[PDB]
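Next up: just one chain, as structure tokens, the form deposited without the ligand.
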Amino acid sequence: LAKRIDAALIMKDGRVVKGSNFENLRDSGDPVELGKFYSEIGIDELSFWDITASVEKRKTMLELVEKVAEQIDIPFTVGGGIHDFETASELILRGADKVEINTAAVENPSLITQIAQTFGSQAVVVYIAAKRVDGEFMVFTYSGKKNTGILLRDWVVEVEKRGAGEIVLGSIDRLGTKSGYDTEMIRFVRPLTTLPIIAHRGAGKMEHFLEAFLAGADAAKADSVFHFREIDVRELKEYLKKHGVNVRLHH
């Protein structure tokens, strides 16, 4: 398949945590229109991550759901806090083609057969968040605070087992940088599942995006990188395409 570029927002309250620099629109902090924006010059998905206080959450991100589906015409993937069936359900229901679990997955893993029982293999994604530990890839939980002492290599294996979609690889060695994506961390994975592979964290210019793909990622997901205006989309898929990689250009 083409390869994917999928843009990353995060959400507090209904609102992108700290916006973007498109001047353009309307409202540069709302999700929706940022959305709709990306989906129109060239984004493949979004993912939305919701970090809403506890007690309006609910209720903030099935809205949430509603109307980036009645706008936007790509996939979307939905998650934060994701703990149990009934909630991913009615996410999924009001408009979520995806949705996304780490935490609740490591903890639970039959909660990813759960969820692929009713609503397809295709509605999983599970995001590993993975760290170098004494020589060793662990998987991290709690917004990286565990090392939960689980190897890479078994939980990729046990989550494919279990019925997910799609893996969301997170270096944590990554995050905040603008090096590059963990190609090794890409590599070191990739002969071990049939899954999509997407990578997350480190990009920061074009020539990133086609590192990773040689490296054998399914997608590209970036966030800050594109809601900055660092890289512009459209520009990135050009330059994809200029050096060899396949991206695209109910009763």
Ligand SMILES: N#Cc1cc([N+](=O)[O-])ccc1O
Given for the second form:
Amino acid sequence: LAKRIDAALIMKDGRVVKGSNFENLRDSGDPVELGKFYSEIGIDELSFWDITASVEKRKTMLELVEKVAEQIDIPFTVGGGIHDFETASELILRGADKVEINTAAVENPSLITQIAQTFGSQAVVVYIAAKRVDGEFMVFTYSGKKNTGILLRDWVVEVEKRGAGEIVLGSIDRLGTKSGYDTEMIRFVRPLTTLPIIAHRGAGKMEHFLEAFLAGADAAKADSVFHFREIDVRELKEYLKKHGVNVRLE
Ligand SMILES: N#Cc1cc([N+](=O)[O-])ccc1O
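Switch from the form deposited without the ligand to the form solved in complex with the ligand and give that structure.
Zooming out: every chain and molecule, the one shown earlier first.
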């Protein structure tokens, strides 16, 4: 398929954490208005990742999904503390196209299969946060706090066997950097799975998107580079098409 450009919005209490620099918006911290804008300038998919407090979280995530589904017409995912099938199901039914799961899937891989049984593999995105430890790629849970001791190589294979539709490869080694996506990590995973690979963490300039697609990613996800306008989405898409990448333009 065409390569995909994804914008991720981190949220809390219904607000975009740290907003954005788009002065043309009524509320640059409103996820619906920001995501609608991205959908108009060439983002292919939106991912919303929620970190609100336990009490208000479930109702907050459902309201977000509901509000997004009304105004936005591109596919979108939702994630952040989705721990079980009933939570994932109610978010998809309320309007999300896919859910992103990480820690809960590592602790119970059958959760992938559960969700896929009812909603299809295409509704299940497994986010894999990985880091080099003593020379080997290991899987981390709990927002990067826990080395599971599971090898990336092994978790990828299991994720596909259990029925996931896509994998996000979040390189903890690149969090908060602008040096590029972890293309070595992407290239290590690419031969192990037939699933779409989404690159995450490290992007700082448009060239990094090209590098990740050459490494074998099928989609590239980023957030702050777009929200703080270090990279313009339509410039990025024109750049990638110029250099031979099959992306979608208007
Ligand atoms: N997608 C995604 C995503 C995942 C995590 N995470 O597994 O901490 C954090 C932020 C994100 O945007």
